[PDB]
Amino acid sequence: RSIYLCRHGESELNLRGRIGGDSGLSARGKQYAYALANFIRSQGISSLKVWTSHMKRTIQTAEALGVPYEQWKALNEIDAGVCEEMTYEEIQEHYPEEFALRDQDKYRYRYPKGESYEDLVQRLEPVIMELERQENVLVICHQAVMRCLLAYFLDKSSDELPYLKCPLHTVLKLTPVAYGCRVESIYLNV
(Lines of atoms letter the chains of each structure in order from A and count residues from 1; the text may use other names and numbers.)
(Lines give C-alpha, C1' and ligand atoms only; values in the text may rest on other atoms or scores of the structure.)
(Ligands and ions follow the chains in the order given, each with its own letter.)
Protein backbone atom coordinates (compact mmCIF):
# COMPACT_ATOMS: atom_id res chain seq x y z
CA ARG A 1 0.00 0.00 0.00
CA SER A 2 0.97 3.65 -0.22
CA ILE A 3 0.18 6.77 1.78
CA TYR A 4 -0.33 9.85 -0.35
CA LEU A 5 0.49 13.11 1.41
CA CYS A 6 -0.23 16.47 -0.05
CA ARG A 7 -1.97 19.52 1.11
CA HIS A 8 -5.05 21.36 -0.07
CA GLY A 9 -4.58 23.21 -3.33
CA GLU A 10 -3.37 26.84 -3.04
CA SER A 11 -5.75 28.90 -0.89
CA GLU A 12 -6.81 32.57 -1.04
CA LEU A 13 -4.68 33.17 2.04
CA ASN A 14 -1.65 31.33 0.58
CA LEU A 15 -1.99 33.66 -2.37
CA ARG A 16 -2.10 36.74 -0.14
CA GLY A 17 1.06 35.68 1.69
CA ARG A 18 -0.87 35.11 4.92
CA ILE A 19 -0.79 32.15 7.34
CA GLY A 20 -3.47 29.91 8.84
CA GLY A 21 -7.08 30.95 8.66
CA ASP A 22 -9.84 29.02 6.94
CA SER A 23 -10.02 30.34 3.41
CA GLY A 24 -11.00 28.47 0.26
CA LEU A 25 -9.08 27.43 -2.85
CA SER A 26 -7.82 29.95 -5.33
CA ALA A 27 -8.53 29.54 -9.04
CA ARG A 28 -5.43 27.41 -9.55
CA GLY A 29 -5.96 25.86 -6.14
CA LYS A 30 -9.11 24.34 -7.67
CA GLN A 31 -7.16 23.40 -10.77
CA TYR A 32 -4.78 21.49 -8.51
CA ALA A 33 -7.70 19.53 -7.01
CA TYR A 34 -8.65 18.37 -10.52
CA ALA A 35 -5.06 17.54 -11.36
CA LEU A 36 -4.86 15.57 -8.08
CA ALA A 37 -7.95 13.50 -9.05
CA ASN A 38 -6.42 12.65 -12.45
CA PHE A 39 -3.20 11.62 -10.66
CA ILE A 40 -5.02 9.40 -8.16
CA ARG A 41 -6.92 7.83 -11.10
CA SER A 42 -3.72 7.23 -13.09
CA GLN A 43 -2.40 5.21 -10.14
CA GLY A 44 -4.75 2.27 -10.73
CA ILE A 45 -5.86 1.92 -7.11
CA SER A 46 -8.91 -0.23 -6.32
CA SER A 47 -9.53 1.01 -2.78
CA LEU A 48 -8.34 4.26 -1.24
CA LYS A 49 -9.23 5.99 2.01
CA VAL A 50 -9.25 9.78 1.88
CA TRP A 51 -8.64 11.90 4.97
CA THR A 52 -9.21 15.62 5.23
CA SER A 53 -8.98 18.18 8.04
CA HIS A 54 -12.01 20.25 9.06
CA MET A 55 -10.68 23.28 7.10
CA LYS A 56 -12.51 24.22 3.89
CA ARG A 57 -9.36 24.26 1.77
CA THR A 58 -8.83 20.51 2.37
CA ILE A 59 -12.51 19.55 2.05
CA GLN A 60 -12.83 21.46 -1.24
CA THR A 61 -9.80 19.80 -2.74
CA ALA A 62 -11.27 16.36 -1.70
CA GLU A 63 -14.61 17.31 -3.29
CA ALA A 64 -12.86 17.22 -6.66
CA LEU A 65 -12.08 13.51 -6.17
CA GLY A 66 -15.65 12.25 -6.49
CA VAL A 67 -15.07 9.62 -3.77
CA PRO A 68 -16.07 9.72 -0.09
CA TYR A 69 -13.65 11.14 2.53
CA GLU A 70 -13.37 11.41 6.31
CA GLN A 71 -12.72 14.64 8.22
CA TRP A 72 -10.23 14.52 11.11
CA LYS A 73 -9.91 17.53 13.43
CA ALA A 74 -6.42 16.31 14.26
CA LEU A 75 -5.49 17.06 10.65
CA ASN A 76 -6.33 20.79 11.09
CA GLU A 77 -3.39 23.12 10.46
CA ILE A 78 -1.14 24.37 13.25
CA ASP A 79 -2.75 27.23 15.19
CA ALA A 80 -0.64 30.43 14.96
CA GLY A 81 -3.05 31.84 17.54
CA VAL A 82 -2.73 35.61 17.73
CA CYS A 83 -0.73 35.56 14.48
CA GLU A 84 -3.41 33.77 12.48
CA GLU A 85 -3.97 35.28 9.03
CA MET A 86 -1.00 37.68 9.31
CA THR A 87 1.99 38.00 6.98
CA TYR A 88 5.55 37.50 8.26
CA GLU A 89 6.27 41.22 7.88
CA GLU A 90 3.18 41.88 9.98
CA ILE A 91 4.21 39.45 12.70
CA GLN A 92 7.79 40.70 12.65
CA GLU A 93 6.50 44.27 13.19
CA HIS A 94 3.82 43.76 15.81
CA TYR A 95 5.38 40.77 17.54
CA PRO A 96 9.16 41.20 17.09
CA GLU A 97 9.89 39.49 20.41
CA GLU A 98 7.79 36.39 19.59
CA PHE A 99 9.05 36.01 16.01
CA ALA A 100 12.69 35.98 17.17
CA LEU A 101 11.89 33.45 19.93
CA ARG A 102 10.04 31.30 17.37
CA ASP A 103 13.18 31.33 15.22
CA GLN A 104 15.36 30.06 18.09
CA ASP A 105 13.29 26.93 18.90
CA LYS A 106 10.84 26.31 16.06
CA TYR A 107 9.80 22.88 17.36
CA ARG A 108 8.63 24.09 20.79
CA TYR A 109 7.68 27.74 20.35
CA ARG A 110 3.99 28.66 20.42
CA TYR A 111 2.78 32.09 19.26
CA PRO A 112 0.59 33.72 21.89
CA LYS A 113 -2.52 31.52 22.14
CA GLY A 114 -1.09 29.17 19.52
CA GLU A 115 0.26 25.63 19.10
CA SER A 116 3.77 24.36 18.65
CA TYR A 117 4.97 21.67 16.26
CA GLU A 118 5.48 19.61 19.41
CA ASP A 119 1.76 20.02 20.22
CA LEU A 120 0.84 19.11 16.64
CA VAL A 121 3.04 15.98 16.79
CA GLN A 122 1.16 15.03 19.95
CA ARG A 123 -2.35 15.43 18.54
CA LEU A 124 -1.28 13.54 15.41
CA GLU A 125 -0.42 10.31 17.39
CA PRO A 126 -3.82 8.75 16.64
CA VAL A 127 -3.62 9.76 12.96
CA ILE A 128 -0.28 7.97 12.64
CA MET A 129 -1.64 4.94 14.52
CA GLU A 130 -4.46 4.61 12.02
CA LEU A 131 -2.25 5.21 8.97
CA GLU A 132 0.10 2.43 10.13
CA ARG A 133 -2.71 -0.18 10.16
CA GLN A 134 -4.58 0.82 6.98
CA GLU A 135 -3.97 0.14 3.31
CA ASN A 136 -3.93 2.89 0.67
CA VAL A 137 -4.65 6.26 2.22
CA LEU A 138 -4.60 9.79 0.80
CA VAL A 139 -4.12 12.55 3.40
CA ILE A 140 -5.03 16.02 2.03
CA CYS A 141 -3.73 18.09 4.91
CA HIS A 142 -1.58 21.19 5.61
CA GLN A 143 2.11 22.20 5.50
CA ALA A 144 2.75 21.87 9.21
CA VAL A 145 0.70 18.69 9.57
CA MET A 146 2.36 17.23 6.48
CA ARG A 147 5.80 18.02 7.93
CA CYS A 148 4.99 16.13 11.15
CA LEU A 149 3.61 13.09 9.32
CA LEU A 150 6.59 13.03 6.93
CA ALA A 151 9.10 13.31 9.77
CA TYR A 152 7.54 10.24 11.40
CA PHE A 153 7.59 8.05 8.26
CA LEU A 154 11.03 9.31 7.23
CA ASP A 155 12.54 9.10 10.74
CA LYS A 156 13.55 12.76 11.03
CA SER A 157 14.61 14.48 14.32
CA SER A 158 12.43 17.22 15.85
CA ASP A 159 15.13 19.66 14.69
CA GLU A 160 14.74 18.75 11.00
CA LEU A 161 10.94 18.59 11.35
CA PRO A 162 9.91 22.26 10.95
CA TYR A 163 12.13 22.71 7.88
CA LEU A 164 11.07 19.55 5.95
CA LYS A 165 10.28 20.30 2.29
CA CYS A 166 6.48 20.60 2.00
CA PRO A 167 5.57 22.73 -1.03
CA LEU A 168 2.11 23.27 -2.40
CA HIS A 169 0.83 21.06 -5.25
CA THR A 170 3.31 18.23 -4.66
CA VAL A 171 2.16 14.74 -3.77
CA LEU A 172 4.45 12.67 -1.61
CA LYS A 173 3.85 8.95 -2.29
CA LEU A 174 5.13 7.05 0.72
CA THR A 175 5.39 3.28 0.80
CA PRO A 176 6.16 2.04 4.33
CA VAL A 177 8.45 -0.96 4.30
CA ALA A 178 10.10 -3.24 6.95
CA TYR A 179 12.14 -0.43 8.54
CA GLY A 180 12.06 2.73 6.49
CA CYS A 181 9.70 4.21 3.97
CA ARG A 182 10.09 4.78 0.28
CA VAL A 183 9.38 8.31 -0.99
CA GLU A 184 8.46 9.62 -4.41
CA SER A 185 7.66 13.30 -5.11
CA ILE A 186 5.12 14.17 -7.80
CA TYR A 187 4.71 17.80 -8.84
CA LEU A 188 1.25 18.60 -10.20
CA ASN A 189 2.05 21.69 -12.34
CA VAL A 190 -1.04 23.90 -12.76
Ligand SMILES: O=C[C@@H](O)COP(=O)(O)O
Second form
2 protein chains.
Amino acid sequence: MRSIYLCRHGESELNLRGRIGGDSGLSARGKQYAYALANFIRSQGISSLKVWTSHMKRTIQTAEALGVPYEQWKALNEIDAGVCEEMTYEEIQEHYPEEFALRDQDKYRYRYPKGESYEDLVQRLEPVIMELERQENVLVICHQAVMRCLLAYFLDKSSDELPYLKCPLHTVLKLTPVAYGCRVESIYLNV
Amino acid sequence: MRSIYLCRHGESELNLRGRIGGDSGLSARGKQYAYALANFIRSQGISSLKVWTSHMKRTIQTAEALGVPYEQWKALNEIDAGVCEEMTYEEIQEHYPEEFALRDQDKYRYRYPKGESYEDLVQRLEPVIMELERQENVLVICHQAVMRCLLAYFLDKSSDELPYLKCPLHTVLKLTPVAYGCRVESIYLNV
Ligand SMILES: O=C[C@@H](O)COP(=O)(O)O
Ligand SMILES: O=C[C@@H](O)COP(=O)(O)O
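Given the form deposited without ligand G3H above, what does the protein look like in the form solved in complex with ligand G3H?
Up next: the whole complex, starting with the chain shown before.
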Protein backbone atom coordinates (compact mmCIF):
# COMPACT_ATOMS: atom_id res chain seq x y z
CA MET A 1 0.00 0.00 0.00
CA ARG A 2 1.04 3.65 -0.19
CA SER A 3 2.88 5.29 2.69
CA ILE A 4 3.26 8.84 3.90
CA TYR A 5 6.72 9.55 5.31
CA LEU A 6 6.80 12.35 7.89
CA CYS A 7 10.10 13.84 9.00
CA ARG A 8 11.48 17.20 10.09
CA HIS A 9 14.05 19.19 8.17
CA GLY A 10 17.66 18.30 8.89
CA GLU A 11 19.07 19.85 12.10
CA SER A 12 19.12 23.65 11.77
CA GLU A 13 21.50 26.33 13.03
CA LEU A 14 18.92 27.61 15.49
CA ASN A 15 18.23 24.06 16.64
CA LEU A 16 21.90 23.80 17.43
CA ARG A 17 21.70 27.07 19.38
CA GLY A 18 18.77 25.92 21.52
CA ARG A 19 16.54 28.54 19.93
CA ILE A 20 13.02 28.08 18.56
CA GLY A 21 11.38 28.97 15.27
CA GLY A 22 13.09 31.32 12.88
CA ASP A 23 14.19 30.58 9.35
CA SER A 24 17.78 29.35 9.60
CA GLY A 25 19.68 26.92 7.38
CA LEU A 26 20.86 23.37 7.98
CA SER A 27 23.82 22.68 10.26
CA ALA A 28 26.79 20.64 9.02
CA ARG A 29 25.23 17.40 10.26
CA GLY A 30 21.86 18.79 9.19
CA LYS A 31 22.92 18.41 5.56
CA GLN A 32 24.38 14.96 6.29
CA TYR A 33 20.83 14.00 7.23
CA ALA A 34 19.33 15.33 4.02
CA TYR A 35 21.62 12.95 2.11
CA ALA A 36 20.88 10.05 4.46
CA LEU A 37 17.18 10.72 3.89
CA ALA A 38 17.75 10.61 0.12
CA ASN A 39 19.30 7.16 0.48
CA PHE A 40 16.50 5.99 2.77
CA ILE A 41 13.81 7.07 0.30
CA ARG A 42 15.85 5.37 -2.44
CA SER A 43 16.07 2.12 -0.44
CA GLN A 44 12.28 2.11 -0.20
CA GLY A 45 12.04 1.37 -3.93
CA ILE A 46 9.22 3.78 -4.71
CA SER A 47 8.22 4.49 -8.32
CA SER A 48 6.29 7.73 -7.77
CA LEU A 49 6.61 9.96 -4.73
CA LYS A 50 5.26 13.41 -3.95
CA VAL A 51 7.63 15.46 -1.80
CA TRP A 52 6.17 18.35 0.20
CA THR A 53 8.06 20.97 2.15
CA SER A 54 7.25 24.33 3.75
CA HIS A 55 8.48 27.79 2.81
CA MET A 56 11.29 27.50 5.39
CA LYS A 57 14.89 27.24 4.15
CA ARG A 58 15.49 24.26 6.41
CA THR A 59 12.84 22.02 4.81
CA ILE A 60 13.72 23.14 1.29
CA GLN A 61 17.45 22.53 1.80
CA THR A 62 16.60 19.05 3.06
CA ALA A 63 14.58 18.40 -0.09
CA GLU A 64 17.42 19.65 -2.29
CA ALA A 65 19.37 16.51 -1.40
CA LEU A 66 16.65 14.25 -2.80
CA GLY A 67 17.46 15.44 -6.31
CA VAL A 68 13.75 15.30 -7.18
CA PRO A 69 11.13 18.06 -7.54
CA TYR A 70 9.16 19.05 -4.43
CA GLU A 71 6.13 21.28 -3.73
CA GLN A 72 6.26 24.17 -1.24
CA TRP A 73 3.21 24.47 1.01
CA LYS A 74 2.81 27.50 3.28
CA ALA A 75 0.52 25.48 5.54
CA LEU A 76 3.52 23.29 6.34
CA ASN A 77 5.29 26.29 7.90
CA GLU A 78 6.20 25.88 11.57
CA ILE A 79 4.06 27.19 14.39
CA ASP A 80 4.58 30.91 14.92
CA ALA A 81 5.92 31.56 18.43
CA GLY A 82 5.15 35.26 18.00
CA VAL A 83 7.29 37.58 20.12
CA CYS A 84 9.09 34.46 21.42
CA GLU A 85 10.43 33.53 17.97
CA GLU A 86 14.18 32.74 17.90
CA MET A 87 14.47 32.68 21.71
CA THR A 88 15.71 29.99 24.11
CA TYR A 89 13.42 28.62 26.82
CA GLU A 90 15.30 30.47 29.56
CA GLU A 91 15.07 33.66 27.52
CA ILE A 92 11.31 33.11 27.29
CA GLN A 93 10.99 32.31 31.01
CA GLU A 94 12.85 35.47 32.06
CA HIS A 95 11.20 38.03 29.79
CA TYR A 96 7.80 36.34 29.43
CA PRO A 97 7.26 34.38 32.66
CA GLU A 98 3.52 35.05 32.56
CA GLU A 99 3.00 33.79 29.02
CA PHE A 100 5.29 30.76 29.47
CA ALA A 101 3.35 29.64 32.54
CA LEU A 102 0.02 30.22 30.76
CA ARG A 103 1.16 27.98 27.92
CA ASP A 104 1.80 25.11 30.32
CA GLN A 105 -1.80 25.09 31.53
CA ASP A 106 -3.29 24.75 28.03
CA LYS A 107 -0.50 24.11 25.54
CA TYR A 108 -3.07 23.28 22.85
CA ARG A 109 -4.99 26.58 22.88
CA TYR A 110 -2.34 29.03 24.12
CA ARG A 111 -0.90 31.65 21.77
CA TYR A 112 2.25 33.62 22.60
CA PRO A 113 1.75 37.33 21.90
CA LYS A 114 1.39 37.64 18.10
CA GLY A 115 1.57 33.86 17.71
CA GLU A 116 -0.37 30.72 16.77
CA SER A 117 -1.54 27.98 19.10
CA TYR A 118 -1.41 24.25 18.36
CA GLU A 119 -5.14 24.40 17.67
CA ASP A 120 -4.50 27.14 15.08
CA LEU A 121 -1.87 24.97 13.35
CA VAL A 122 -4.32 22.05 13.15
CA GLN A 123 -7.03 24.05 11.34
CA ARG A 124 -4.33 25.43 9.04
CA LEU A 125 -3.30 21.86 8.16
CA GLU A 126 -6.79 20.66 7.16
CA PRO A 127 -6.17 21.21 3.42
CA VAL A 128 -2.84 19.35 3.69
CA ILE A 129 -4.44 16.39 5.46
CA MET A 130 -7.25 16.37 2.89
CA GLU A 131 -4.85 16.25 -0.03
CA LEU A 132 -2.72 13.70 1.80
CA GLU A 133 -5.75 11.41 2.26
CA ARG A 134 -6.38 11.42 -1.52
CA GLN A 135 -2.78 10.82 -2.65
CA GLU A 136 -0.39 7.88 -2.87
CA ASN A 137 3.22 7.86 -1.63
CA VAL A 138 4.02 11.26 -0.12
CA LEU A 139 7.01 12.55 1.88
CA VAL A 140 6.32 15.53 4.16
CA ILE A 141 9.54 17.31 5.20
CA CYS A 142 8.17 19.68 7.82
CA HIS A 143 8.60 20.83 11.45
CA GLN A 144 8.06 19.52 14.96
CA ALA A 145 4.75 21.23 15.71
CA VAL A 146 3.37 20.60 12.18
CA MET A 147 4.58 16.99 12.23
CA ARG A 148 2.90 16.52 15.63
CA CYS A 149 -0.45 17.70 14.28
CA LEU A 150 -0.33 15.43 11.22
CA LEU A 151 0.94 12.57 13.38
CA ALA A 152 -1.88 13.12 15.86
CA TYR A 153 -4.49 12.90 13.10
CA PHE A 154 -3.23 9.64 11.58
CA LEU A 155 -2.86 8.00 14.99
CA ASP A 156 -6.10 9.22 16.60
CA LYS A 157 -4.47 11.30 19.32
CA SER A 158 -6.42 13.76 21.47
CA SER A 159 -5.58 17.47 21.42
CA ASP A 160 -4.24 16.92 24.94
CA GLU A 161 -1.74 14.27 23.77
CA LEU A 162 -0.81 16.10 20.55
CA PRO A 163 1.59 18.83 21.83
CA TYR A 164 3.63 16.19 23.66
CA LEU A 165 3.90 13.70 20.80
CA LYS A 166 7.39 12.33 20.26
CA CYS A 167 8.93 14.06 17.19
CA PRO A 168 12.77 14.03 17.34
CA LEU A 169 15.02 15.28 14.54
CA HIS A 170 16.56 12.90 12.00
CA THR A 171 13.77 10.36 12.51
CA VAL A 172 11.45 9.29 9.71
CA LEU A 173 7.94 8.09 10.48
CA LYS A 174 6.56 5.76 7.83
CA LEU A 175 2.76 5.94 8.06
CA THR A 176 0.66 3.42 6.15
CA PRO A 177 -3.01 4.40 6.30
CA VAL A 178 -5.49 1.55 6.01
CA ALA A 179 -9.24 0.88 6.40
CA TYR A 180 -9.17 2.32 9.89
CA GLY A 181 -6.13 3.55 11.75
CA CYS A 182 -2.64 3.77 10.31
CA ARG A 183 0.48 1.64 10.68
CA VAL A 184 3.54 3.45 12.01
CA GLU A 185 7.25 2.77 11.74
CA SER A 186 10.00 4.98 13.19
CA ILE A 187 13.35 5.03 11.38
CA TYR A 188 16.20 6.98 12.95
CA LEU A 189 18.86 8.21 10.53
CA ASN A 190 22.00 8.38 12.66
CA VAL A 191 24.32 11.14 11.42
CA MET B 1 9.90 40.63 60.03
CA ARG B 2 12.32 38.09 58.55
CA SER B 3 12.56 37.55 54.78
CA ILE B 4 13.99 34.82 52.55
CA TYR B 5 15.43 36.05 49.27
CA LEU B 6 15.38 33.28 46.67
CA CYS B 7 17.09 33.81 43.36
CA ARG B 8 19.08 31.96 40.75
CA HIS B 9 22.69 32.51 39.79
CA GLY B 10 23.43 34.96 36.98
CA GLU B 11 22.88 33.76 33.40
CA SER B 12 25.52 31.09 32.74
CA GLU B 13 27.32 30.14 29.53
CA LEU B 14 25.23 26.96 29.13
CA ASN B 15 22.10 29.01 29.93
CA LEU B 16 23.12 31.19 27.01
CA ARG B 17 23.46 28.03 24.87
CA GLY B 18 20.20 26.45 26.04
CA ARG B 19 21.96 23.42 27.49
CA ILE B 20 21.03 22.00 30.91
CA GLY B 21 23.07 21.21 34.01
CA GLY B 22 26.84 21.26 33.91
CA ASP B 23 29.04 23.71 35.79
CA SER B 24 29.68 26.71 33.56
CA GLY B 25 30.48 30.22 34.70
CA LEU B 26 28.43 33.38 34.36
CA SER B 27 28.15 35.06 30.96
CA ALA B 28 28.84 38.75 30.37
CA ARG B 29 25.41 40.00 31.44
CA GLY B 30 25.39 37.21 34.00
CA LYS B 31 27.92 39.29 35.91
CA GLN B 32 25.85 42.42 35.37
CA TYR B 33 23.11 40.68 37.33
CA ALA B 34 25.54 39.79 40.12
CA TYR B 35 26.34 43.50 40.34
CA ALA B 36 22.68 44.49 40.06
CA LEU B 37 21.98 42.02 42.87
CA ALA B 38 24.72 43.56 45.00
CA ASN B 39 22.99 46.94 44.55
CA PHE B 40 19.49 45.62 45.30
CA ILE B 41 20.75 43.85 48.43
CA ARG B 42 22.49 46.96 49.78
CA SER B 43 19.41 49.07 49.09
CA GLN B 44 17.28 46.63 51.10
CA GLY B 45 19.20 47.57 54.25
CA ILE B 46 18.91 44.02 55.54
CA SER B 47 20.04 43.26 59.11
CA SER B 48 22.69 40.52 59.30
CA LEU B 49 21.78 38.90 55.97
CA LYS B 50 23.16 35.35 55.62
CA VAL B 51 24.14 34.33 52.09
CA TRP B 52 23.96 30.75 50.80
CA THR B 53 25.22 29.41 47.48
CA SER B 54 25.79 25.93 46.03
CA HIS B 55 29.10 24.25 45.18
CA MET B 56 28.65 25.35 41.55
CA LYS B 57 30.74 28.11 39.96
CA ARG B 58 27.66 29.94 38.71
CA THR B 59 26.22 30.48 42.21
CA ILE B 60 29.59 31.27 43.83
CA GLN B 61 30.54 33.84 41.19
CA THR B 62 27.21 35.62 41.66
CA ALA B 63 27.82 35.87 45.42
CA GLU B 64 31.34 37.21 44.83
CA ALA B 65 29.90 40.46 43.53
CA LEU B 66 28.09 40.91 46.84
CA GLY B 67 31.31 41.71 48.68
CA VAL B 68 29.87 40.28 51.91
CA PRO B 69 30.78 36.67 52.93
CA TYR B 70 28.73 33.70 51.71
CA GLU B 71 28.39 30.01 52.62
CA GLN B 72 28.37 27.09 50.14
CA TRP B 73 25.93 24.16 50.45
CA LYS B 74 26.37 21.00 48.37
CA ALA B 75 22.69 20.32 49.07
CA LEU B 76 21.78 23.37 46.99
CA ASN B 77 23.39 22.07 43.77
CA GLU B 78 21.07 21.91 40.71
CA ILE B 79 19.20 18.73 39.82
CA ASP B 80 21.40 16.08 38.19
CA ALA B 81 20.29 15.51 34.60
CA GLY B 82 22.29 12.30 34.67
CA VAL B 83 23.40 11.14 31.25
CA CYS B 84 21.45 14.06 29.75
CA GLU B 85 23.79 16.57 31.40
CA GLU B 86 24.78 19.52 29.17
CA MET B 87 22.53 18.47 26.30
CA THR B 88 19.97 20.74 24.63
CA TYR B 89 16.31 19.74 24.69
CA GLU B 90 16.50 18.72 21.04
CA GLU B 91 19.51 16.47 21.70
CA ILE B 92 17.47 14.88 24.50
CA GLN B 93 14.45 14.34 22.25
CA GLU B 94 16.62 12.78 19.52
CA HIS B 95 18.96 10.60 21.55
CA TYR B 96 16.64 9.70 24.45
CA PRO B 97 13.17 9.98 22.83
CA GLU B 98 11.34 7.48 25.05
CA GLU B 99 12.89 8.95 28.21
CA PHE B 100 11.86 12.47 27.25
CA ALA B 101 8.26 11.31 26.76
CA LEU B 102 8.27 9.40 30.07
CA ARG B 103 9.17 12.66 31.81
CA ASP B 104 5.99 14.68 31.35
CA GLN B 105 4.07 11.61 32.50
CA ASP B 106 5.16 12.25 36.09
CA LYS B 107 7.64 15.12 36.16
CA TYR B 108 7.88 15.04 39.96
CA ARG B 109 9.19 11.47 40.21
CA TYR B 110 10.80 11.00 36.76
CA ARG B 111 14.58 10.57 36.57
CA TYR B 112 16.75 10.69 33.43
CA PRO B 113 19.14 7.74 33.00
CA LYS B 114 21.50 7.94 36.01
CA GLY B 115 19.92 11.27 36.98
CA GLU B 116 17.88 12.85 39.78
CA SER B 117 14.17 13.60 40.07
CA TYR B 118 12.27 16.41 41.78
CA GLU B 119 11.60 14.04 44.68
CA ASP B 120 15.31 13.28 45.19
CA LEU B 121 15.89 17.02 45.12
CA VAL B 122 13.22 17.66 47.78
CA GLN B 123 14.93 15.04 49.94
CA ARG B 124 18.42 16.58 49.92
CA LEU B 125 16.90 20.00 50.59
CA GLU B 126 15.15 18.98 53.82
CA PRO B 127 18.14 20.00 55.96
CA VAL B 128 18.48 23.23 53.95
CA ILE B 129 14.86 24.10 54.74
CA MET B 130 15.26 23.27 58.45
CA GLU B 131 18.21 25.65 58.71
CA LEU B 132 16.39 28.20 56.54
CA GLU B 133 13.47 27.98 58.99
CA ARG B 134 15.61 28.53 62.11
CA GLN B 135 17.12 31.72 60.64
CA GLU B 136 16.15 35.36 60.12
CA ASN B 137 17.24 37.08 56.90
CA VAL B 138 18.72 34.78 54.30
CA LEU B 139 19.56 35.17 50.61
CA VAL B 140 19.73 31.89 48.68
CA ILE B 141 21.43 32.21 45.27
CA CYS B 142 20.75 28.79 43.75
CA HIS B 143 19.31 27.04 40.71
CA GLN B 144 15.99 26.57 38.90
CA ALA B 145 14.90 23.11 40.05
CA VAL B 146 16.29 23.80 43.52
CA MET B 147 14.55 27.17 43.73
CA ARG B 148 11.27 25.52 42.73
CA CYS B 149 11.42 23.11 45.66
CA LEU B 150 12.20 25.81 48.25
CA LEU B 151 9.56 28.03 46.69
CA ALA B 152 7.19 25.04 46.71
CA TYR B 153 7.61 24.63 50.45
CA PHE B 154 7.01 28.26 51.44
CA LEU B 155 4.05 28.77 49.11
CA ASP B 156 2.48 25.46 50.21
CA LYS B 157 2.56 23.88 46.73
CA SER B 158 1.66 20.32 45.77
CA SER B 159 4.15 17.89 44.27
CA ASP B 160 2.22 18.20 40.99
CA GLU B 161 2.51 22.01 40.93
CA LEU B 162 6.17 22.06 42.03
CA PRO B 163 8.03 21.14 38.80
CA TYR B 164 6.13 23.89 36.95
CA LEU B 165 6.79 26.82 39.28
CA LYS B 166 7.84 30.13 37.78
CA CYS B 167 11.59 30.45 38.51
CA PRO B 168 13.06 32.79 35.84
CA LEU B 169 16.61 34.10 35.73
CA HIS B 170 17.58 37.52 37.04
CA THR B 171 14.60 37.68 39.39
CA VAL B 172 14.66 37.96 43.18
CA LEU B 173 11.79 36.32 45.05
CA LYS B 174 11.39 37.86 48.48
CA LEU B 175 9.41 35.46 50.64
CA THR B 176 8.03 36.86 53.87
CA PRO B 177 6.65 33.96 55.96
CA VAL B 178 3.64 35.24 57.89
CA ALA B 179 0.65 33.83 59.79
CA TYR B 180 -1.78 33.19 56.92
CA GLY B 181 1.00 31.65 54.84
CA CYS B 182 3.70 33.56 52.99
CA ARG B 183 3.80 36.93 51.23
CA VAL B 184 5.70 37.10 47.92
CA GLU B 185 7.49 39.93 46.15
CA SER B 186 9.13 39.50 42.75
CA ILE B 187 11.91 41.92 41.84
CA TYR B 188 13.21 41.53 38.29
CA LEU B 189 16.68 42.97 37.77
CA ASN B 190 16.88 44.02 34.10
CA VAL B 191 20.45 43.79 32.77
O1 LIG C 1 9.23 24.90 17.83
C2 LIG C 1 8.90 24.11 18.95
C3 LIG C 1 7.50 23.61 18.80
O4 LIG C 1 7.59 22.24 18.50
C5 LIG C 1 6.69 23.73 20.14
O6 LIG C 1 6.62 22.47 20.88
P7 LIG C 1 7.62 22.14 22.18
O8 LIG C 1 6.81 21.92 23.45
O9 LIG C 1 8.45 20.89 21.94
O10 LIG C 1 8.56 23.32 22.42
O1 LIG D 1 17.88 22.41 34.75
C2 LIG D 1 16.51 22.54 34.49
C3 LIG D 1 15.73 22.03 35.67
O4 LIG D 1 15.04 23.14 36.20
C5 LIG D 1 14.65 20.98 35.25
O6 LIG D 1 13.29 21.54 35.18
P7 LIG D 1 12.69 22.16 33.75
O8 LIG D 1 11.44 21.40 33.31
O9 LIG D 1 12.32 23.63 33.92
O10 LIG D 1 13.74 22.03 32.66
